[PDB]
Amino acid sequence: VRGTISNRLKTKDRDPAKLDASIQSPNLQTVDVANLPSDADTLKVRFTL
Amino acid sequence: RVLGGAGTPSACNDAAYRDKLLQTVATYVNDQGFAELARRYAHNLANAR
Amino acid sequence: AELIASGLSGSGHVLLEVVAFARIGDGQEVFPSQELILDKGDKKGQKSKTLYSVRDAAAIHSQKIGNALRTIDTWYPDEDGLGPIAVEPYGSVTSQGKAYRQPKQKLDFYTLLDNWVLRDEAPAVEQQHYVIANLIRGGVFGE
Amino acid sequence: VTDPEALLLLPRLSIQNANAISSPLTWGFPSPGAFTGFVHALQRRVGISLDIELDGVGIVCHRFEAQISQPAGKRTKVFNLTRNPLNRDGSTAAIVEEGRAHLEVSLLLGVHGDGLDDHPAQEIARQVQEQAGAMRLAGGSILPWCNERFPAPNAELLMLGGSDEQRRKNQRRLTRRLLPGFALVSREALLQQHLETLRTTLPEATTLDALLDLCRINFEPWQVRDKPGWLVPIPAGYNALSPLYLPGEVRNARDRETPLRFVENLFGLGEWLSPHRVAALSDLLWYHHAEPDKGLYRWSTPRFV
DNA sequence: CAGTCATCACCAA
DNA sequence: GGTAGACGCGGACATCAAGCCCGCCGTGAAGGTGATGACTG
RNA sequence: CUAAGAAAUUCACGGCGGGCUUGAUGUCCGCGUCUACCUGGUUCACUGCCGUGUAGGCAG
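Chains as they are written, first to last, in the entry's author numbering: chain W, 49 to 97; chain U, 98 to 146; chain C, 196 to 338; chain B, 3 to 223, 239 to 322.
Derived from the structure by calculation, the hints contain no laboratory data. The reader is advised that the hints may include incorrect statements.
Label pairs and their computed distance ranges (CB to CB) [as the list claims (entries may be wrong)]:
{"id": "1", "chain 1": "B", "residue 1": "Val3", "chain 2": "C", "residue 2": "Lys239", "range": "39 to 47 Å"}
{"id": "2", "chain 1": "C", "residue 1": "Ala317", "chain 2": "B", "residue 2": "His121", "range": "43 to 51 Å"}
{"id": "3", "chain 1": "B", "residue 1": "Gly265", "chain 2": "C", "residue 2": "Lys301", "range": "49 to 57 Å"}
Here are some, though not all, of the chain W residues that point toward chain C, as calculated from beta-carbon distances under 10 Å [said to hold, decoys possible]:
{"id": "4", "residue": "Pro64"}
{"id": "5", "residue": "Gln72"}
{"id": "6", "residue": "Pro85"}
{"id": "7", "residue": "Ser86"}
{"id": "8", "residue": "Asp87"}
{"id": "9", "residue": "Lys92"}
{"id": "10", "residue": "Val93"}
{"id": "11", "residue": "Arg94"}
EDC-like mimics (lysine to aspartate or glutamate), calculated; alpha carbons at most 16 Å apart, straight line [stated by the list, open to error]:
{"id": "12", "chain 1": "B", "residue 1": "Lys79", "chain 2": "B", "residue 2": "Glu100"}
{"id": "13", "chain 1": "B", "residue 1": "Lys311", "chain 2": "B", "residue 2": "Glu281"}
{"id": "14", "chain 1": "W", "residue 1": "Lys92", "chain 2": "C", "residue 2": "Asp221"}
{"id": "15", "chain 1": "C", "residue 1": "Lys235", "chain 2": "B", "residue 2": "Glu99"}
{"id": "16", "chain 1": "W", "residue 1": "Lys92", "chain 2": "C", "residue 2": "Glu230"}
{"id": "17", "chain 1": "B", "residue 1": "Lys79", "chain 2": "B", "residue 2": "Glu67"}
{"id": "18", "chain 1": "B", "residue 1": "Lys79", "chain 2": "C", "residue 2": "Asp234"}
{"id": "19", "chain 1": "B", "residue 1": "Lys244", "chain 2": "B", "residue 2": "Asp215"}
{"id": "20", "chain 1": "C", "residue 1": "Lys293", "chain 2": "B", "residue 2": "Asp215"}
{"id": "21", "chain 1": "C", "residue 1": "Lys239", "chain 2": "C", "residue 2": "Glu212"}
{"id": "22", "chain 1": "C", "residue 1": "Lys299", "chain 2": "C", "residue 2": "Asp273"}
{"id": "23", "chain 1": "B", "residue 1": "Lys79", "chain 2": "C", "residue 2": "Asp275"}
{"id": "24", "chain 1": "C", "residue 1": "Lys244", "chain 2": "W", "residue 2": "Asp80"}
{"id": "25", "chain 1": "C", "residue 1": "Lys242", "chain 2": "W", "residue 2": "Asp80"}
{"id": "26", "chain 1": "C", "residue 1": "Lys293", "chain 2": "C", "residue 2": "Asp273"}
{"id": "27", "chain 1": "B", "residue 1": "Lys76", "chain 2": "C", "residue 2": "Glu230"}
{"id": "28", "chain 1": "B", "residue 1": "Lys76", "chain 2": "C", "residue 2": "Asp237"}
{"id": "29", "chain 1": "B", "residue 1": "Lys79", "chain 2": "C", "residue 2": "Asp237"}
{"id": "30", "chain 1": "C", "residue 1": "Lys293", "chain 2": "U", "residue 2": "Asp128"}
{"id": "31", "chain 1": "C", "residue 1": "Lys259", "chain 2": "C", "residue 2": "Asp273"}
{"id": "32", "chain 1": "B", "residue 1": "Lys171", "chain 2": "B", "residue 2": "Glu158"}
{"id": "33", "chain 1": "C", "residue 1": "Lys235", "chain 2": "W", "residue 2": "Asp80"}
{"id": "34", "chain 1": "W", "residue 1": "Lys92", "chain 2": "C", "residue 2": "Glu321"}
{"id": "35", "chain 1": "C", "residue 1": "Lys301", "chain 2": "B", "residue 2": "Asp91"}
{"id": "36", "chain 1": "C", "residue 1": "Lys293", "chain 2": "U", "residue 2": "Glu133"}
{"id": "37", "chain 1": "C", "residue 1": "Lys299", "chain 2": "B", "residue 2": "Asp91"}
{"id": "38", "chain 1": "C", "residue 1": "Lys301", "chain 2": "C", "residue 2": "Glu321"}
Positions of the beta carbon are idealized from the N, C-alpha and C atoms, including for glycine.
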């Protein structure tokens, strides 16, 4: 996934060069996802108790 | 899918801040709806952005 | 309810098979359970979200299903008109970030259990349902 | 010690959420101490109303998967955790780490009682399975049935009363029901045997077990070789640190009846051999046997050699 | 005037 | 609704040169212990 | 009487742009398949024949 820096950045180390250009630069992440197929609309969930 | 309930967070630490946020969002909703947002999303659906 | 009660007594056999169907939409995103992985990937070529899978299937943890089943407590003394929460000692809720049923307002599980066993001070019936629900839930206690 | 007449197969035991640490120096498959504790917990609830005994367990282990994850930049693992509830001030609790794994397991029991001639053995099989399906196999629950509701019933057969030809067909008919598993036995003679390879260095013993479950490589006089089995370090009992305490002495004990020691683990060795490699299936069974006075507590399997 | 309950700095490659 | 009885040999398989640049990799929560300090019934 | 007994990980996202794979070629060569015979299957267990009702001369 390509994204943007969209968090509260830390002004603890207040840099007028890095934390303003890193807003402009992207953010590359790797996640998981689970979809239904394009021809399925019903989710089935089964367990025992 | 268009879900709704768009001001209530799903994870929080405070309760006073949660009530303040929900009454702020209700202040937003009960004098103007989502109509200015909804017709802009309907524009971006209507053309093929 | 009579069958689950006759199973909780210890008298007859009980084994349920629960299936749930949920029409959502074509090709939509379903949400299986995400497992806590504390401090994984000190390299920045990492993986942020990791979903839980039993063998070639998306899955939900068992403790989450049990947490869904024991949302029984309506009797908590902070503000009872907000929905049933899960049965807990110091009866708390992690999404809300707040512990209802606080021992300064003497209605948690330790106070009521000690008054109702050691001192025979019986609480109200509604707090007694909470005290028994912590015994169906189970726990680990000490000195 | 006492060889049983009939063996009791508990065919499919798909169990979930078992413990996977099992000692301070191992991880993976749980300790067989859990299995012999499970069979004596069957003894205290079923074996007295059937007037039988159940001493040994055939640990077979068809499947295995652990709730672990491979991190980035590392070739090690970590464990997937649970999220514990909050403290009473609303803050988040600390983290205690419990490894966790699912299993699929077959079992082979050993009967010794008068109920085998007071009853049909199908009564023993049905009652033992219907009670053991309400217990916890290692640290986690025992699951009910599914699409696999066809191997649900048991079997039981003797070995003394019968012919001595087609018992090969009988035990290899049993082996048709535990065919994809790898049995687990006690192979502690090789821990003695790998001291002579280190007898040129020292008569020490604590680093010998840490030599066999890995890939040792030197260069040409690359050195890879066939390891002589599926040899793994298992835990094998408890050794006493502290003398035996009278049952009212130790503060915060589970019981006010039994005496208590403070102990710690001792480590042996095992192998994940297929059940074909051993002729008689009664060789595999694990037994508790420990002398009380000097505090050595230990489990192993006899009759393997 | 004495138990007890929330907070407080104490450390720490 | 018929058997019957067999299936070949030899020989060979291409050379040349080349493989991209640029920016970026998220945040929050996951501490026990005495020791007064405030409360204290 | 089982390192026994207990547990909610939550949430968000633009990978993107460009492009000549070229050129050449002999698959040659040979072969005896050989002999043998009786459907009126019932090409419907009966077609079509004086009464549509159970006895009959016909192309048999």
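Verification of the supplied hints:
1. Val3/B and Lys239/C have their C-beta atoms about 59 Å apart, which leaves the hinted 39 to 47 Å range violated.
2. In this structure, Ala317/C and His121/B meet the distance hint of 43 to 51 Å, their C-beta atoms being roughly 48 Å apart.
3. In this structure the hint that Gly265/B and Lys301/C lie 49 to 57 Å apart at CB is violated, the actual value being about 33 Å.
4. Because the beta carbon of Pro64/W sits about 24 Å from the nearest beta carbon in chain C, more than 10 Å, this interface hint is broken.
5. A cut of 10 Å between beta carbons decides the hint on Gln72/W: the least distance to chain C is about 19 Å, and the hint is violated.
6. Proximity of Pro85/W to chain C holds as hinted, the smallest CB-CB distance being about 7 Å (cut-off 10 Å).
7. Below 10 Å, beta-carbon pairs count as interface contacts, and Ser86/W has one with chain C at about 4 Å; its hint therefore holds.
8. Residue-level restraint check for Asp87/W holds (minimum Cβ-Cβ distance to chain C is 7 Å; threshold 10 Å).
9. Taking 10 Å as the C-beta contact cut-off toward chain C, the hint placing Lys92/W at the interface holds, the least distance being around 6 Å.
10. The interface hint given for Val93/W holds, since its Cβ lies 5 Å from the closest Cβ of chain C, which is under the 10 Å cut-off.
11. For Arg94/W, the shortest C-beta to C-beta distance to chain C is roughly 5 Å, which falls under 10 Å, so the interface hint holds.
12. For the suggested pair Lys79/B and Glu100/B, the alpha carbons sit about 14 Å apart, so the restraint of at most 16 Å is met.
13. A threshold of 16 Å between alpha carbons decides the hint, and for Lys311/B with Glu281/B the separation of about 14 Å falls inside it, so the pair holds.
14. For the hint linking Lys92/W to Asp221/C, the alpha-carbon distance of about 14 Å falls within 16 Å, and the restraint holds.
15. Of the supplied pair hints, the one linking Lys235/C and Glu99/B holds, its CA atoms being roughly 14 Å apart against a limit of 16 Å.
16. For the hint linking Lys92/W to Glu230/C, the alpha-carbon distance of about 21 Å lies beyond 16 Å, and the restraint is violated.
17. Distance check on the hinted pair: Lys79/B and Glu67/B sit about 13 Å apart at the alpha-carbon level, within 16 Å; holds.
18. Taken as a hint, the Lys79/B and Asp234/C pair is honoured in the structure, with Cα atoms around 11 Å apart against an allowance of 16 Å.
19. Between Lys244/B and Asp215/B the CA atoms are separated by roughly 9 Å; this keeps the pair inside 16 Å, and the hint holds.
20. Restraint check: the Cα-Cα separation between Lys293/C and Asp215/B comes to about 48 Å, which exceeds 16 Å; the hinted pair is violated.
21. Taking the CA atoms of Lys239/C and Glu212/C, the gap is about 43 Å. The hint is violated against a cut of 16 Å.
22. Using a Cα cut-off of 16 Å, the hinted pair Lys299/C and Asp273/C holds, with the two alpha carbons roughly 12 Å apart.
23. Pair hint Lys79/B plus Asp275/C does not hold up; C-alpha atoms about 45 Å apart against a cutoff of 16 Å.
24. At roughly 6 Å between alpha-carbon atoms, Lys244/C and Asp80/W fall within 16 Å of each other, so this suggested pair holds.
25. Straight-line distance between C-alpha atoms of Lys242/C and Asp80/W comes to about 8 Å, which keeps the hinted pair within the 16 Å bound.
26. A C-alpha spacing of about 11 Å is found between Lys293/C and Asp273/C, which places the hinted pair at or below 16 Å, so the restraint holds.
27. Distance check on the hinted pair: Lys76/B and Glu230/C sit about 19 Å apart at the alpha-carbon level, beyond 16 Å; violated.
28. Straight-line distance between C-alpha atoms of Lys76/B and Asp237/C comes to about 9 Å, which keeps the hinted pair within the 16 Å bound.
29. Of the pairs offered as hints, the one joining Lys79/B and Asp237/C holds, with about 13 Å between alpha carbons and a cut-off of 16 Å not exceeded.
30. Proximity of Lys293/C to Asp128/U is assessed by CA-CA distance (about 31 Å); at most 16 Å being required, the pair is judged violated.
31. Distance check on the hinted pair: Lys259/C and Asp273/C sit about 25 Å apart at the alpha-carbon level, beyond 16 Å; violated.
32. Our distance criterion of 16 Å between C-alpha atoms is met by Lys171/B and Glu158/B, whose separation comes to about 15 Å.
33. Using a Cα cut-off of 16 Å, the hinted pair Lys235/C and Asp80/W holds, with the two alpha carbons roughly 15 Å apart.
34. Distance hint between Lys92/W and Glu321/C is unfulfilled; the C-alpha atoms sit about 36 Å from each other, more than 16 Å.
35. Proposed proximity of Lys301/C and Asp91/B is supported: the alpha carbons are some 15 Å apart, at most 16 Å.
36. At roughly 36 Å between alpha-carbon atoms, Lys293/C and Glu133/U are farther apart than 16 Å, so this suggested pair is violated.
37. A hinted pair counts as satisfied when its Cα atoms are at most 16 Å apart, and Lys299/C with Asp91/B qualifies at roughly 12 Å.
38. With a C-alpha separation of about 14 Å, the suggested pair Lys301/C and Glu321/C falls inside the 16 Å cut-off, and the hint holds.
Of the numbered hints stated above, those contradicted by the structure are hints 1, 3, 4, 5, 16, 20, 21, 23, 27, 30, 31, 34, 36, listed in ascending order.
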